[PDB]
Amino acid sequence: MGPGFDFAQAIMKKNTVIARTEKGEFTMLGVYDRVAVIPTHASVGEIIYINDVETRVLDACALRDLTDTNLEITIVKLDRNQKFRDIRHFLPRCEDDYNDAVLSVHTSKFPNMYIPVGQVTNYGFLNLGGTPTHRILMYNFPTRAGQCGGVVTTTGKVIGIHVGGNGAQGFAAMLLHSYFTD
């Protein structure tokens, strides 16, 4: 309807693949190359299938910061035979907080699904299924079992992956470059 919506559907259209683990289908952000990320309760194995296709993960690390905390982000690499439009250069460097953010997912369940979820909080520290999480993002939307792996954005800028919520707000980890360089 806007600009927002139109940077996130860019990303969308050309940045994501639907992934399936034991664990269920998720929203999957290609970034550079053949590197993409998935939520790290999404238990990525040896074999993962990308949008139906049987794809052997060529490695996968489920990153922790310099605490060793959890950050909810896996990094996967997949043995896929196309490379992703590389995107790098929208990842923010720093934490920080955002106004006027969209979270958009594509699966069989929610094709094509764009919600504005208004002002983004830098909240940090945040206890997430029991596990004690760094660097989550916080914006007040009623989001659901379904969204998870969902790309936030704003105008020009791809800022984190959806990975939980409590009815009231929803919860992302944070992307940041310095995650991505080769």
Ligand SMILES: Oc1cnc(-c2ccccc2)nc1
The other form holds:
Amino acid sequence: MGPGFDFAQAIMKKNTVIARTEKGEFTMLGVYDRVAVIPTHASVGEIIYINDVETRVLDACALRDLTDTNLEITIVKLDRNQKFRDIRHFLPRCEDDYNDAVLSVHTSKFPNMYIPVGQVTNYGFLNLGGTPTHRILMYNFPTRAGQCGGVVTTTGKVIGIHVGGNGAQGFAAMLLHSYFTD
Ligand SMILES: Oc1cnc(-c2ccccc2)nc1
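Return the structure block for the form solved in complex with this ligand; the form solved without this ligand was the one displayed.
Every chain and every other molecule in the complex is listed next, the one we just looked at coming first.
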């Protein structure tokens, strides 16, 4: 509908796949080469389905901060025959608050879904399903089951992936440039 939705659509059309684990179907963001991200509660194993194709997981790393606190991001390297467009230059370099963000989801349940969530707060600490979690972003939108892995963007930045909600607010794990230095 406007330039925020334009940027979000451009990310969805080229840098997402549908990932399936034993814990469900997730929006999965491809960042560069064969490297993607997914919420840690997806419980990625040795094999994952990518757009309903059986795919070997070459590596999976559940990220924690230097205090050994959960960040809820798993970085996955996929045994895929094709690279993602490199979008690392759209990742923020520091923790921050944002205006006018969009949450975008693409699954069997929610195809081509876009949500203007408005202002995004650097919330920080969240007890997420009983698990202390850091670097959480918060938006005052009543997100539902099926949105986990959804991409949070502003114009020109990919800032996080949806990991949960309390029925009134939604929560995303930050994406930082420093997670994807090679
Ligand atoms: O037919 C409907 C189904 N689901 C939703 C929906 C609303 C908020 C978050 C996610 C999804 N809306 C309408």
